[PDB]
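Work out the full structure, taking the sequences as your base and the hints as a guide.
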Amino acid sequence: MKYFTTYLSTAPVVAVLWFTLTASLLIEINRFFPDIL
Amino acid sequence: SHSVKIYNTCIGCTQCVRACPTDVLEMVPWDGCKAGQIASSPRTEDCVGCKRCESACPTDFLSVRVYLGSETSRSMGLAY
Amino acid sequence: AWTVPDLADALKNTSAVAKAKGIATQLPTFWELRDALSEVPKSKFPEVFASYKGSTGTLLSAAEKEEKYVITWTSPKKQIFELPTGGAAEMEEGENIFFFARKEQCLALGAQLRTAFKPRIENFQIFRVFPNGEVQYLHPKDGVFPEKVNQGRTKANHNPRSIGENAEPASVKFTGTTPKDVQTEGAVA
Amino acid sequence: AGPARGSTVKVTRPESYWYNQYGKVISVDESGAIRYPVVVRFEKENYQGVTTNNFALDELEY
Amino acid sequence: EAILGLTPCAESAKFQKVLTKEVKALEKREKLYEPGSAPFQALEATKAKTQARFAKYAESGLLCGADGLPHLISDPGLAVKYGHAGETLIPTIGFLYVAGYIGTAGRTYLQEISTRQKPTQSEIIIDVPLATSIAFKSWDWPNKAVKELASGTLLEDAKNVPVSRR
Ligand code: CLA
Ligand code: CLA
Ligand code: CLA
Ligand SMILES: CC1=C(C#C/C(C)=C/C=C/C(C)=C/C=C/C=C(C)/C=C/C=C(C)/C=C/[C@@]23O[C@]2(C)C[C@@H](O)CC3(C)C)C(C)(C)C[C@H](O)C1
Ligand SMILES: CC1=C(/C=C/C(C)=C/C=C/C(C)=C/C=C/C=C(C)/C=C/C=C(C)/C=C/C2=C(C)CCCC2(C)C)C(C)(C)CCC1
Ligand SMILES: CC1=C(/C=C/C(C)=C/C=C/C(C)=C/C=C/C=C(C)/C=C/C=C(C)/C=C/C2=C(C)CCCC2(C)C)C(C)(C)CCC1
Ligand SMILES: CC1=C(/C=C/C(C)=C/C=C/C(C)=C\C=C\C=C(C)\C=C\C=C(C)\C=C\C2=C(C)CCCC2(C)C)C(C)(C)CCC1
Ligand code: SF4
Ligand code: SF4
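Just so you know, the protein sequences line up as chains J, C, D, E and F, in that order.
Position 35, counted from 1, in the first sequence is what the authors' numbering calls 35; the numbers after and before it change by one each time, with no gaps.
Each number in the authors' numbering corresponds to the 1-based position in the second sequence with 1 added.
Each number in the authors' numbering corresponds to the 1-based position in the third sequence with 315 added.
Each number in the authors' numbering corresponds to the 1-based position in the fourth sequence with 99 added.
Each number in the authors' numbering corresponds to the 1-based position in the fifth sequence with 167 added.
Among the hints, erroneous ones may be present.
Claimed, not checked - Restraint-style ranges between C-beta atoms, simulated for each label pair: (1) C/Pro59 to E/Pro113: 50 to 60 Å; (2) J/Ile29 to F/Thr255: 39 to 49 Å; (3) D/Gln466 to E/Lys143: 38 to 48 Å; (4) E/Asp128 to F/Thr282: 50 to 60 Å; (5) C/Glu72 to D/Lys357: 50 to 60 Å; (6) F/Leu316 to E/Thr107: 27 to 37 Å; (7) F/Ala222 to J/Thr22: 26 to 36 Å; (8) J/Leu17 to F/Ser204: 36 to 46 Å; (9) J/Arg31 to E/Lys143: 42 to 52 Å; (10) J/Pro12 to D/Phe489: 56 to 66 Å.
Treat the hints as calculated values from the structure; they're not laboratory data.
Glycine residues also receive a C-beta, built at the ideal position from the N, C-alpha and C atoms.
Written out as structure tokens, the structure reads:
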């Protein structure tokens, strides 16, 4: 590892990671507090 | 026939002339640019309208311009 | 100096003309080939087949009734080139002649002659041939290739402005003119 | 007058891709026969994919 | 309070019909399994959640239609006067806060990298420290918005905006 973090900084990796976290957060909220209308 | 016109923004790079597949354009001498040549279109009865010249031109809004017009058997690219 | 060349001087070489007619003929109808094979024994079958030398990409009836095109050049060696009408042919050492049905096919072969051979061939001449027998020389029209500037050439269809300085169509209505052809220097037909 | 080599100009030629945009001057030609003497370079390429163009003095704001 | 011809879900018979219809389906599925088995437990969890959900909708002042399904009120005046602001009006404010935040973070990062040597390299390779800093400093985004607006630093002037031949 000397340029591996720069690879992780590229747009599709950062996108996959960000969506995964944002999705995970919404899933976990919809586990704890379901059926908000 | 199509009509090919050259405007005074030409810089005489010869790229349009090189691009043309039916020998319509040539370079003639001129004093309006550093290269001392402008493009010209003597043989527009042989122009097929491909617009390859306009793709080659590097000036901002092209100095060569092809206005499509009436069709002939030459302009329609027919081998029959 | 440079003078306008003649196709007649090129067409004197009867072998090169024979070859040109051979290659610019259409492939035969199945009926005709059947008859040709019918008149020979079996050993001579490839010779019959070897007698055809054309393709389906060659001249049709328009060439006879409207105009055909001829390209001539001289090669330093016998080499295989690619026809613009599909397939391959052999240029001979010495004079080559080839008939085509469009000017774009001629110049396509010309473009191949000037790029795809190690001694580059620069000496091709293209002519237009009418049915009556008039031959008009086309290219290179003044001896110099058109990408090179040559004295004696004049400006054709030059507009002495930029393209943004053209008029509006609504300003030349019912007058018989367009904005693009106003004040054009060297306006050809 | 001409702009200085290295100065910044604003294009005022309406048919240009870089109208109302700023470019760097690279070269000025001094002959009077030349119709578009100033060479300008821009950061944003146009649709053709080029980044440079010749201009006249009456098409620049410097 | 019944408005617009709607009944409250808490005192609607069609609401109960719907709950019955869902619970009955789950019972039918349970008939196939054995009362201790793990599929059975799954179907019980499903049924529990279902009854809980209907109970929640009942004590929320939701308003049912003739279909027996809850209906939302979107005029803010009607919503606030009859206690339905949680259906659309609060979510509005909630969406507009988060959308303003995302915009502000994005605009900020773009204005920051635009002063770099090759600004386009910082668009395909994200400057992750810079991006995290911007993401967390942008929680008070109306500060920046109202400042930019009132000062005049929000809009580019028309003379600097590329435009066509008009
Ligand atoms: C090997 C597989 C692979 C795949 C599938 C992709 C796919 C993509 N790359 Mg590429 N890329 C790759 C290899 C790959 N790349 C490599 C080896 C390099 C050299 C490092 C690049 C360099 C590169 C650059 C520089 C860029 C891309 C971009 C892109 C995106 C194109 C625009 C787009 O679709 O954005 C729309 C975005 C999406 C559709 C988001 C998808 C993200 C994940 C997959 C979804 C996860 C969300 C959730 C958990 C599940 C889905 C549910 C949801 C849809 C509701 C696309 C994600 C461009 C981009 O803009 O990406 C942001 C971009 O700038 N890539
Ligand atoms: C409407 C149908 C039709 C038309 C308009 C043409 C027209 C043409 N054919 Mg084609 N041809 C056809 C059907 C047709 N053909 C069929 C069905 C076959 C058999 C597959 C052929 C085999 C064929 C050959 C080998 C050649 C041509 C050639 C030509 C061209 C010159 C004239 C000729 O020599 O005919 C030639 C011969 C025929 C038309 C055969 C007639 C078929 C008879 C009536 C039997 C059909 C039924 C039979 C059970 C099928 C046997 C299949 C078996 C061989 C596997 C001309 C463009 C020539 C060409 O391409 O010049 C470059 C050429 O060399 N044709
Ligand atoms: C900084 C990011 C940003 C900001 C502040 C804006 C702001 C705006 N957009 Mg634009 N847009 C953006 C990115 C952005 N956009 C991107 C990435 C795309 C390509 C998909 C577009 C495509 C687009 C279109 C086609 C249109 C707009 C329009 C608009 C205007 C009205 C609101 C809207 O339509 O939202 C809609 C926004 C989208 C459809 C794109 C989603 C933007 C994402 C969710 C946020 C930015 C993502 C970015 C990667 C964040 C990285 C930040 C991080 C590194 C710190 C508003 C000025 C409209 C307009 O012109 O109004 C007059 C319009 O038609 N936008
Ligand atoms: C998402 C997001 C944001 C964020 C965020 C952040 C930082 C959130 C943090 C997330 C975090 C911190 C995620 C938790 C991990 C825990 C897991 C997965 C479970 C543990 C794993 C399990 C199940 C362990 C179980 C066991 O030990 C048991 C019981 C017995 C052992 O014999 C065996 C094992 C080991 C199996 C912003 C910044 C707020 C806004 C942005 O817009 C979007
Ligand atoms: C190769 C590559 C790539 C690719 C990628 C991809 C394609 C991906 C995908 C991805 C994906 C596809 C993702 C996914 C996600 C998911 C998620 C996000 C999930 C979550 C979940 C959860 C959170 C859950 C939980 C739960 C529940 C709910 C219940 C119970 C159990 C549990 C707890 C588990 C990229 C582009 C980077 C580029 C470079 C290379
Ligand atoms: C959950 C929830 C919430 C929240 C939410 C949010 C906050 C969201 C966000 C979201 C987001 C943030 C999203 C985004 C998205 C985006 C997209 C999806 C986009 C797309 C785009 C497109 C598609 C485009 C296209 C185009 C172009 C680019 C150009 C040309 C034209 C066109 C148009 C084609 C609330 C609070 C309300 C409440 C509760 C529930
Ligand atoms: C409230 C409400 C309502 C209504 C409303 C209305 C009626 C309104 C209107 C309105 C109008 C009639 C208008 C408006 C206008 C607007 C504008 C004009 C805007 C602007 C914006 C901007 C400018 C921007 C922004 C931004 C961005 C993009 C980025 C980030 C930052 C900022 C924020 C700056 C309803 C019922 C629906 C629902 C409930 C709520
Ligand atoms: S349109 Fe094609 S044939 Fe006509 S001048 Fe341009 S390049 Fe030559
Ligand atoms: S018209 Fe364009 S391509 Fe042709 S010589 Fe002039 S500048 Fe070069």
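Open item on the list: Checking each numbered hint in turn, tell me which of them this model violates, lowest number first.
Closed with: 1, 2 and 4
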